[PDB]
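> Using the sequences and the accompanying hints, generate a full structural model.
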Amino acid sequence: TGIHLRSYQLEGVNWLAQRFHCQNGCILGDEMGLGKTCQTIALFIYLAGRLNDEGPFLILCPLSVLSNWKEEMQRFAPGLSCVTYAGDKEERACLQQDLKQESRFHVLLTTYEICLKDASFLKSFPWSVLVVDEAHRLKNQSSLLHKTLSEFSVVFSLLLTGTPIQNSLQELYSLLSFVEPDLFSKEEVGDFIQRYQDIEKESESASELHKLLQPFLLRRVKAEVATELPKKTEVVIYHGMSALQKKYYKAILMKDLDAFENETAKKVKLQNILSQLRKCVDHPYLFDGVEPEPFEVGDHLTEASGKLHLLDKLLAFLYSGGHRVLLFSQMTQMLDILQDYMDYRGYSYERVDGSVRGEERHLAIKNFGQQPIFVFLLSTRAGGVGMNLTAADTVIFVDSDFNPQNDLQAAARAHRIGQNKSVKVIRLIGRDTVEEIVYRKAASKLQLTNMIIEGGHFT
Amino acid sequence: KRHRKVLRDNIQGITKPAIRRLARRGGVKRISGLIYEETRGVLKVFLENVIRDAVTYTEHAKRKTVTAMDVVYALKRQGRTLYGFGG
Amino acid sequence: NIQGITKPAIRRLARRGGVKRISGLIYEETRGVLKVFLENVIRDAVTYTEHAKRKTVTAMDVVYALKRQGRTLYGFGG
Amino acid sequence: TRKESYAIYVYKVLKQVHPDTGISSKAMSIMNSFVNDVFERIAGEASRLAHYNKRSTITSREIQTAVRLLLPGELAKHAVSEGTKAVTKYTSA
Amino acid sequence: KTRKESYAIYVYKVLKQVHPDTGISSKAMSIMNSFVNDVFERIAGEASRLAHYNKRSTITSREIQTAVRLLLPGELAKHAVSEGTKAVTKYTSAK
Amino acid sequence: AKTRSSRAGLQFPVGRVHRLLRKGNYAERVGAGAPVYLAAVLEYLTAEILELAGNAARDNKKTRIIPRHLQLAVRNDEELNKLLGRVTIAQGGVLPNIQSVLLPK
Amino acid sequence: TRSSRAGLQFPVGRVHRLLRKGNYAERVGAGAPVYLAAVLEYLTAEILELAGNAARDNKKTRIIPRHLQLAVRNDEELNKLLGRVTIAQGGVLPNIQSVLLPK
Amino acid sequence: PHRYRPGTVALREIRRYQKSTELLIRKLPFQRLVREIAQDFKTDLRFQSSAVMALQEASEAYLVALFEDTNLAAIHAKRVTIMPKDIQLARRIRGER
Amino acid sequence: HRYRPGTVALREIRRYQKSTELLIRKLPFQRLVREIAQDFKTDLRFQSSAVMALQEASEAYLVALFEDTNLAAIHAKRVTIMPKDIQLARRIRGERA
DNA sequence: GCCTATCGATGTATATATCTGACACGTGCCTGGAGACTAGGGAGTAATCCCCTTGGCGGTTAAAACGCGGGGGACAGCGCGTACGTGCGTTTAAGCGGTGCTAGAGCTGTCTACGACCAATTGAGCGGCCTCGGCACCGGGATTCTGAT
DNA sequence: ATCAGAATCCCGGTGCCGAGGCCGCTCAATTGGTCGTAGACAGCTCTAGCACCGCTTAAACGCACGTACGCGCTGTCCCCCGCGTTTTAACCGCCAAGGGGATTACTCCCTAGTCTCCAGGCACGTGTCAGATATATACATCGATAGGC
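Chains as they are written, first to last, in full-length UniProt numbering: chain G, 42 to 500; chain U, 17 to 103; chain B, 26 to 103; chain F, 33 to 125; chain S, 32 to 126; chain W, 15 to 119; chain C, 17 to 119; chain Z, 39 to 135; chain P, 40 to 136.
No lab work stands behind these hints: they were computed from the structure. Don't take every hint at face value.
Straight-line alpha carbon distances no greater than 30 Å define the calculated DSS-like cross-link-like pairs of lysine-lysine that follow [unchecked claim]:
(1) S:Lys-109 <-> Z:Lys-65
(2) C:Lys-96 <-> S:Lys-47
(3) S:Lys-44 <-> C:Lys-37
(4) Z:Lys-80 <-> G:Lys-188
(5) G:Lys-263 <-> G:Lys-482
Simulated coverage check for chain W against chain Z, where a stretch passes if three residues somewhere in it have a Cβ under 8 Å from a Cβ of chain Z [unchecked claim]:
(6) 96 to 107
(7) 110 to 118
All C-beta atoms, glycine included, are put in the ideal place defined by N, C-alpha and C.
This is the structure in structure tokens:
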């Protein structure tokens with residue numbers, strides 16, 4: 042057997058074991074990480090070692106977590122032969138001959154791009170189950186990921202999340218239907234939009250909708266599990282733009298001058314003004330050549346965004362208060378600007394980015410942990426998932442997101458499997474800018490969702 | 017360092033081997049490298065003429081997208097005909 | 026009677042065509058090329074003549090033929 | 033929305049020369065554009081012929097000679113015979 | 032009996048505009064007359080084709096202007112264009 | 015049969031052709047013979063073309079005609095090649111050709 | 017006249033008439049013939065300049081086909097416009113390639 | 039070790055590229071170049087996707103034709119290597135100016 | 040004495056480039072035209088002008104192709120035109136069958 | 001110095017395998033086609049006028065033809081060493097799967113500014129006959145040459 | 001080398017007449033008012049196009065090497081040019097038929113446009129299997145070595 046750690050584990054396992062004893066797939070929507078893996082692996086050894094169902098398991102999880110996923114397996118379940126399919130095409134080819142032709146595993150560990158390319162094995166070789174978490178691609182019924190996976194050969198499968206429904210009900214019935222479409226296909230064919238009239242039955246029978254779901258989905262809240270109950274406080278920094286980017290802001294709204302041709306904000310493309318306005322408020326030197334001299338490093342960088350004018354002092358102040366931080370950016374070039382600021386300060390940082398390999402990411406975890414590195418520089422999409430980044434006392438969203446579910450996912454890198462400090466969360470806003478507008482529209486998506494969607498064990 | 021990146025002009029993005037690959041389809045056995053830049057120039061003149069007329073069709077239609085028929089009419093008005101993109 | 030296109034006539038043309046020296050094999054080839062060219066022109070002009078129910082060819086049939094054959098000659102006709 | 037095409041006619045004609053065969057949408061698309069082109073070429077010439085011969089009215093005679101003014105001889109001769117056969121039996125109806 | 036129109040007097044007067052001292056030959060006039068027709072022929076074909084491609088019953092100044100910019104290279108086009116709009120301006124300002 | 019094409023024994027749509035001619039502005043008027051004659055010509059041409067393409071397709075073991083087969087036929091018939099000389103076929107390619115000088119010996 | 021109303025020497029009414037007969041469209045707006053006439057008059061004049069100059073260079077006053085051809089072959093856009101076009105008795109540009117010439 | 043004689047593989051390439059018919063320029067570069075030239079005529083203008091493919095078909099086709107003429111020009115000079123002047127002569131003799 | 044080889048050829052070129060007059064004897068050309076045309080149809084009559092128009096167009100048509108052949112020979116680093124040059128040029132025009 | 005092998009190298013052809021998205025196909029739906037109908041003048045017929053091309057005549061000259069020397073270019077072959085075809089390892093960014101946004105293509109309905117239309121009106125520009133001097137083309141010059149020393 | 005002389009311009013003279021003008025007139029362009037339609041305007045819809053990320057890798061790039069090709073060089077020779085020669089019929093001005101074109105008056109058939117009726121053609125959804133693709137052969141032809149002989 043594995044380990045006993047947390048009170049909600051066995052109840053969840055018994056629920057899951059019951060669900061699969063009901064001979065269906067199901068959904069577990071509890072908060073982020075929480076060792077849902079652990080409870081899932083407990084379910085596996087419940088199969089392998091109480092049911093004695095040693096039918097080979099398969100798992101898909103993101104590239105950022107695979108090594109930590111192995112670590113979670115290695116911590117408590119080396120009693121399962123868990124093998125990972127990874128690496129160069131040659132490596133992938135060898136592992137076919139070495140293992141797929143050989144069945145010498147309890148668990149197959151895989152990630153999405155590889156399993157899509159090598160789907161033939163996943164069609165052809167029967168698994169006991171697939172499991173997927175962070176599965177939010179399955180929000181989209183156009184995703185080839187879902188279309189292929191729904192074709193793969195399994196007895197049943199388990200769907201996991203701690204961030205359900207990023208935008209809209211179609212995501213729900215997609216997620217819902219793709220687990221048991223043999224019943225629910227009519228739902229994604231759109232009959233459910235009728236059955237619950239596009240959610241417009243709303244608060245007047247949200248219990249009815251969730252009564253459709255509570256027989257099939259469990260979700261348990263972190264605040265309900267309470268436990269460590271750390272602080273998470275969000276704050277928002279409405280601050281103005283600097284005069285240079287203000288002029289660029291006018292120009293992006295109106296016209297670029299030939300000064301902005303020598304700096305070459307004209308002779309460049311314009312067919313997403315929002316993206317350009319965002320860059321403008323975010324930092325004008327995100328535009329190539331808008332840095333007035335490429336050889337320099339200096340206060341012009343720090344001033345050319347009103348954000349950096351504050352964030353320099355804020356970072357220095359926070360670091361001086363011993364508060365270490367995670368910085369999440371919408372765009373890598375702003376992380377570069379932030380890293381240029383780090384380099385300009387000589388402040389010491391870690392970074393993870395889509396180009397960074399998972400092993401390099403893993404060590405970057407051990408490098409931002411374990412030592413007083415000022416900041417972890419994180420791509421929101423790649424970096425938001427899974428990790429136990431407790432080493433930061435703080436998080437700042439340098440640039441605003443379009444789905445608060447991303448902010449939740451990113452913030453929930455704290456507290457997952459415990460956190461033991463006060464954590465402060467900070468949102469930067471261009472005061473009197475589009476950033477306010479994006480914020481308001483994002484908040485609207487939040488207000489559209491939880492007020493009904495919160496049902497679950499909540500109900 | 018990272019503060020900026022410099023990128024080659026897309027004219028040179030017509031790669032040397034791509035030209036060879038096309039030239040081989042034209043039956044070209046053996047090539048002196050000056051061919052490559054010369055071809056780019058030739059193509060640029062060729063593209064420029066077609067594009068100008070195409071955009072001219074687009075503007076007379078007051079469209080904001082270039083329409084594929086604008087290219088067809090441009091090609092055909094410039095005396096070259098290409099089926100399989102409407103007609 | 027194709028030899029009615031004299032050698033020195035061809036040479037005169039080639040001189041306007043800036044040719045310094047001419048191998049004699051050119052002359053028979055020239056007559057060949059010209060004959061095919063003329064015939065294709067004659068074809069269409071006669072066709073316009075027939076279509077107009079005419080017995081008499083007009084330069085209009087010629088210029089129409091030329092216009093169909095990717096050429097035009099200002100000065101004749103109109 | 034709706035648009036015409038020749039496709040069904042091309043399809044049936046295909047089943048004449050090669051029954052038990054099919055056609056890519058690409059090819060059918062190509063065929064349509066080709067038929068469009070041929071139609072344009074003849075009709076413009078028929079215009080000029082009628083204009084030169086002062087006729088307000090395009091007539092079959094214009095069609096015949098226009099095709100003669102476009103096709104290589106044997107194709108024209110075949111085409112002329114086919115148009116003749118079709119028109120004569122049609123008007124005989 | 033027979034009669035036929037020309038462009039000739041207009042060309043002749045235009046010649047007298049550019050070079051009042053200067054003369055011409057009937058041969059040249061024939062060439063010019065043919066040339067004038069061929070240009071008109073070219074423009075009108077485009078103008079028709081444009082209107083058809085734009086589902087338009089009616090050709091107007093736009094078709095001529097754009098056809099000219101299609102048919103003419105260089106500032107020669109834009110001179111002609113500006114003269115056209117200018118002449119249309121005179122016409123439209125005239126009564 | 016009501017269908018005029020059927021009275022013409024054609025496949026091609028006499029009625030549509032007649033309408034197109036009426037709308038084609040090619041002259042002020044159109045005589046009732048002109049549409050029929052053109053329709054037959056087009057039908058003949060299409061068949062003569064498609065037959066060679068169909069052969070090329072069959073020779074390539076394929077029951078469905080694809081652009082390559084058209085291009086081959088159009089370029090194998092030099093009369094089609096001339097008729098379509100100012101014309102290009104998407105993904106048609108070209109006929110195989112090596113000039114003998116390039117061959118090794 | 018409409019020609020005079022436009023301040024053009026070219027015959028706007030004749031141009032309009034020709035458009036009527038030319039069937040180029042079902043309908044024509046009044047500006048079209050006006051604008052087109054101006055184009056033709058302009059291009060006519062522009063040619064006649066070089067023709068007169070060539071005649072002056074030839075010490076002639078009666079413009080002659082030689083002058084017209086030489087003019088066209090010395091104005092590239094016109095040579096391009098008339099590239100598919102030939103002029104009776106016009107001849108060619110006098111020129112020879114250096115390979116041919118004596119040392 | 040081993041090596042093929044010069045041109046031997048190119049002959050296999052030539053045969054392969056005469057049988058195959060796919061487009062040969064990388065689409066993404068080709069799109070970028072077009073959109074640049076478009077901006078050079080018109081500061082802002084969008085594109086239909088298919089229009090780009092239509093352009094690339096015409097472009098590569100046009101080029102391939104010009105290659106053959108240059109090939110024959112070099113062959114006419116009893117040269118196997120092609121050189122730019124053969125292209126210029128070809129364009130000149132194509133009447134393309 | 041004799042004038043040296045190819046010397047007066049240049050004066051001839053200069054003459055025939057500077058002059059602009061027709062180069063072909065009318066009656067032979069007319070006879071050729073007529074006895075060709077008879078194979079298109081019997082007793083075809085002609086506008087007198089049509090013969091001259093045809094001759095002009097024919098002379099012009101050859102003249103250009105001749106100059107194209109000249110360049111072809113020149114590119115071959117030869118000064119004497121040879122039949123291969125014409126056949127290449129006509130095909131590079133695309134106007135040869 | 002072959003010319004025939006030899007292995008065998010690395011190739012593409014041809015093998016049979018399972019697999020899917022594009023395609024033959026059936027649907028309801030409907031507008032453009034078909035079945036009527038009339039209106040009138042476009043196209044046709046026979047008509048005459050006369051011009052034009054036809055065939056023909058003559059004499060004079062230039063153009064074509066032919067004989068020739070040769071030197072000059074076309075041509076073949078040779079040595080030189082460049083630069084380019086090849087196979088290598090390394091890097092880039094092409095390609096792809098997304099993610100999310102909305103600008104504008106496409107449709108809708110409304111109308112009324114514009115042009116087609118018909119009547120009469122006038123001189124624009126056309127044709128016919130007219131006189132002239134810019135044009136050819138002439139003879140005989142001077143110039144400005146090649147090309148032999 | 002320089003001067004020879006051949007054949008190229010430049011010039012005044014002769015003279016011809018196509019070009020340039022004027023007149024008679026007619027018909028089409030101008031002026032003018034009416035009908036009714038297009039298509040310009042405004043509005044609403046939602047597509048497909050634009051943008052950055054995450055990730056795989058086939059691809060491009062760059063490297064080093066040797067090949068043969070391009071190239072300048074050579075000599076050989078012969079077919080071209082330039083030329084005087086004789087021969088030819090194109091040329092041109094001349095004549096004169098009469099076929100064919102261009103001409104008009106009277107004419108019916110033919111098509112434009114009429115409305116009625118309605119299914120051939122289409123947009124759409126369908127099932128399914130042809131080409132897709134796996135990877136395996138086969139045995140190619142391409143090779144080198146370098147056989148022997």
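> Confirm or reject each hint.
We went through each hint and held it up to the structure:
no.: 1; hint: S:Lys-109 <-> Z:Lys-65; result: violated (35 Å)
no.: 2; hint: C:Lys-96 <-> S:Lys-47; result: holds (27 Å)
no.: 3; hint: S:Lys-44 <-> C:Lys-37; result: holds (26 Å)
no.: 4; hint: Z:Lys-80 <-> G:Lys-188; result: violated (42 Å)
no.: 5; hint: G:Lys-263 <-> G:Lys-482; result: holds (26 Å)
no.: 6; hint: 96 to 107; result: holds (count 5)
no.: 7; hint: 110 to 118; result: holds (count 7)
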